[PDB]
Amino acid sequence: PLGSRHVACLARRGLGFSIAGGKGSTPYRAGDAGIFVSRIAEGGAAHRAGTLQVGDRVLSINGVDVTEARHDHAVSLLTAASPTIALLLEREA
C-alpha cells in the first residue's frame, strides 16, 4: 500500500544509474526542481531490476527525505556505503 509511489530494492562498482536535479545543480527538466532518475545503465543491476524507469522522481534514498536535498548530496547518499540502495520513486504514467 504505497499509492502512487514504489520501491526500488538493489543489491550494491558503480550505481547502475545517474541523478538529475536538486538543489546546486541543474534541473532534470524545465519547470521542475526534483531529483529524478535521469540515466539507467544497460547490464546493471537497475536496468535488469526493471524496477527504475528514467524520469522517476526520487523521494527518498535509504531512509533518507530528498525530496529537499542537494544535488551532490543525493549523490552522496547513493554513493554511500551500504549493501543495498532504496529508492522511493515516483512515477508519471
Second form
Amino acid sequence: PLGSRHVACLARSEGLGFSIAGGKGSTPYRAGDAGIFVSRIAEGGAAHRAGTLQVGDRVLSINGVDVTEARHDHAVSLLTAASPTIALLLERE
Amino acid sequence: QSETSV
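What's the form solved in complex with the partner chain like, now that we've got the form solved without the partner chain?
The next block holds the full complex; its first chain is the one shown before.
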C-alpha cells in the first residue's frame, strides 16, 4: 500500500527535457513533502521521447546517488553533470 | 525560481 518503482535511462542532448521541484533547498512540490519531484516534461525532449518519466514522480536516486533528502540544487548539479547517460530511480502512485 | 529545468 504505497507507490511503485521504475527506472529512467536518459541520454543528454543540447538537456534531459524535464524539470524538478521541491527538495530541501527549495519550495516543496506537495503539501507536506520535501522530496524531489518531476514538475514537468518538455514536449519533444529526451525524456518525453523515452516515455519513462511522468509529472509527479518522486526522484529517489540519480546515477546511484540517493536524493530522497538532498537539497534541490544538489540534485540539479547531479542532473546536469556531464555524463553519457542519467539513470533515474522513480516512485509513482 | 521554484522549478529548475535540466
